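The block underneath contains the structure these notes are about, expressed in structure tokens.
Only a portion of the chains appears, each positioned as in the full assembly.
A and B are the chain letters, set down in written order, and residue numbers restart from 1 in every chain.
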Amino acid sequence: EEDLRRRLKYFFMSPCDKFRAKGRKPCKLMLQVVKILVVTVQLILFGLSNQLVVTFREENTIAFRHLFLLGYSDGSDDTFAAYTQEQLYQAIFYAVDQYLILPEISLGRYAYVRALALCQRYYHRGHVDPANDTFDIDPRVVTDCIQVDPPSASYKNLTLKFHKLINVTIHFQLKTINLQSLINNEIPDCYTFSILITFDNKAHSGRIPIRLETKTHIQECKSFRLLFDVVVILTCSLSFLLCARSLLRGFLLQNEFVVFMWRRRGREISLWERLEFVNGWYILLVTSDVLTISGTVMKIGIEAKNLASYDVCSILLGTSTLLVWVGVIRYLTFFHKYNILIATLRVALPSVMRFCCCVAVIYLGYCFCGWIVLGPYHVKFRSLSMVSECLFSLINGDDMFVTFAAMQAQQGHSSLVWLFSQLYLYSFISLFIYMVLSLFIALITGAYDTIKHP
Amino acid sequence: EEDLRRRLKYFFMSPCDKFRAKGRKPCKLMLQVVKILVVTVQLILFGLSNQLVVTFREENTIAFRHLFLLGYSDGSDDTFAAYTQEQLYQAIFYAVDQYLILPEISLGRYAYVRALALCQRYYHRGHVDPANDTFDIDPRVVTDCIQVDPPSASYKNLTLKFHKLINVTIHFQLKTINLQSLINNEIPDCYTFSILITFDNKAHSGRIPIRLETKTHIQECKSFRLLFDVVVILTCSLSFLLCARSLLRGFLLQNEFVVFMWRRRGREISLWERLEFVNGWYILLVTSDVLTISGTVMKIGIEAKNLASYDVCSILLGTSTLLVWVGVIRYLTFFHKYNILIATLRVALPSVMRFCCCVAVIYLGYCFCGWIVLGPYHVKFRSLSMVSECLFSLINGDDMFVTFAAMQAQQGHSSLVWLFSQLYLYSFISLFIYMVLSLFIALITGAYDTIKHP
């Protein structure tokens, strides 16, 4: 019938044009704009909260490194290790003697938790004899703990076994009180640090690094956010249901052309002419709404102090706000002069992906080559992750002279890998800057002329 | 009438063409060139003066940090803090004992000002008990000062309260004499420093940073600039009045087409055909003249020693000289071969702004996403200011490998934010370098061809 062709002309016409005919001023538009504003304000007010939470942990952890580590100035987290026997002993006894007299030496209300369990782990039968090259090593690990309670030889006379040694760990806990919350006129948030000091001897290289790790677990001692959080779940869920009804109309009006192309005998057209009917942005909207309400329920769990994980709530709210922001562009394309420029992206996106395959093959070629060859001689080419980050930083040009000076200084070791380094880096840089990037310029330019001139 | 169409042909014709007809060689041109030269010379002679003023304050302030701070080598302004109890006491008593014997230890004529008022600020009732989680904190701040006069136990027996502590400040003043002015054969400029040493304990993290701040207030003890300053106010004010008469002729000859398009019945054309009549550069000239004379009156107030603020005079003279310089281009466009190239900018400026909206939406998307997600795990993503500076530095390519190595080193903490970091940074960099920047190249190129071929 000719009536069902008129069923399409409502759905195909823009929301801007449907004020003259039916006189329905859009509320769905206003729900979209309110959803933008309410999500972004919810993101900012959450993010400032974690800013004041994280800097308290970071500043206390630096304060523990200056209290419990022997000879520590900042800038030496990684390159800090014990190299002699007495230096490892004096590191251990400095840590515990700077634990027992804590409240005088500290600069806060660091209280104890009922405490310090020192322990070393050595192999069951570590028999090593490089004067005979015969051995008998039993890989069972023997834990050997010792207990320390705060208010000598019960703690002293501690004897390591340096011919069989894996780790020396120190566990204790400290409870403090956050003081900024009392300025903010609220219920305080007492923290409980879990300090772990580890003398790792994993590789057995004659070098024992030292590192300190903490972990907190907040619990309350003796609103505007919560009302705003039930708003952001309510409006965004209503947008989920409303545009689910729009997908309902798409999937039900799909059949009335398939019926209609059998009576008109439209030859049962393939994938594209049923692809060009449904939608182009409401998929982005519906995954924004699922992602938003999952993050906000997770946030209510966070700030009601049954929390245990900052990671999932942060990543879901961040990705949700990102997709809500790129949902603005579809309102820009209702104007003509913007619709040309956005159409340049869609006519250029297939050909730029067809070229992206031919780039990634050669790029992975130089990754696998440079990692094995310049691995033992450079320091930015240790693992394949660092190789891909280094080469892709050199595509645009970030750090060329430091890589060339690293191969210039030590001469690799032989002349062959230096002669290979010059040819490797010059061929790579001159390939991808001059030819490949200029093909990206030519593809976007030709796509612009194609969308322009007819 | 046909006579009023001839009223337009004088105003519409260039200043270069009006030497043949009326024989008036331009003086308005020469006032513009003199205004360029006199403003720039006034800027340079002012800027060299503040160069010798600022380096004296900077070098003295470094000299105070080496005199009054315990164990200070340069490069440690930020990461310098007290971590134990005796270190904070020895920092205070080092500061005052390096104040009392000042003239032997100093390397100048540092005189005293009648002096040192040491003080600490503690809460009214600071009751903290982490062994009970009960408390009573009164947020009233109790100031507790003590006075020190230079030529023990009146200053000694100073007892802090480390369970209730906010700040420990030290105020004193020092007067010296600038010696370079006597070489310049003039009246000297005695300075008065206001040294503030602060032991901040704001966040209560177990870490008390130390910083020193000074402030000067110049006052005289027992020309060519001033004549040049009354010149630069006089000529620039005359240009303000002269081009105000040009805007007067524009606003009065506007009506004689509006009358004329009612008798010819020109249908009362909209905004653009009355926009294309007035001017295109004299708005820039008139705001240059207002800005110049405001800055120069401010400068006379500065160098007549009733000064109090370097900020407004510096920013007004700087912006005024900038706009005077970009007023040169309108003399370049009287030639034909330059007029083509300047017309490329005006035909490309609308479309590049229409594209600038579609860039800024996606860019603010990646800002709000990256700040919350990679905030607690990176160090360049602490606040939203640092995120926008970091991402916009990565648009052109500044510091890619340091951001990738920061996420490579600590593994974030979990595998999920590392796996998210790789996808976030690779998608962002490959978006804005390859596609968006190439659209900027294509837009300026198509605008050039549009202005060229007809």
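Descriptive notes on the structure:
We take it that contacts are C-beta pairs under 8 Å (C-beta built on N, C-alpha and C of every residue); 3 or more make two chains touch, one makes a residue touch a chain.
Whole-complex tally (this structure file, single sequence, 2 chains shown): 4 copies.
Here, only the chains that are shown with their structure count from here on.
Computed from the mean C-alpha positions, the centre of chain A lies at a distance of 34 Å from the centre of chain B.
In the complex of the two chains, the chain A residues touching chain B come out as 40, 43-44, 46-47, 50-51, 54-56, 59-60, 62-64, 66-67, 74-75, 78, 104-111, 175-180, 182-183, 188, 190, 221-222, 310-311, 314-315, 317-319, 321-322, 325-326, 328-329, 332, 337-338, 341-342, 344-345, 348, 352, 380, 385-386, 389-390, 392-393, 396-399, 437, 440-441, 443-445, 448-449, 452. Across the complex, chain B meets chain A through its residues 79, 82-85, 88, 128, 130-131, 133-135, 137, 139, 162-163, 201, 203-208, 351, 354-355, 357-358, 361-362, 364-366, 368-373, 375-376, 382-383, 396-401, 404-405, 408-409, 414, 416-417, 420, 426, 429, 433-435, 438-439, 441-443, 445-446.
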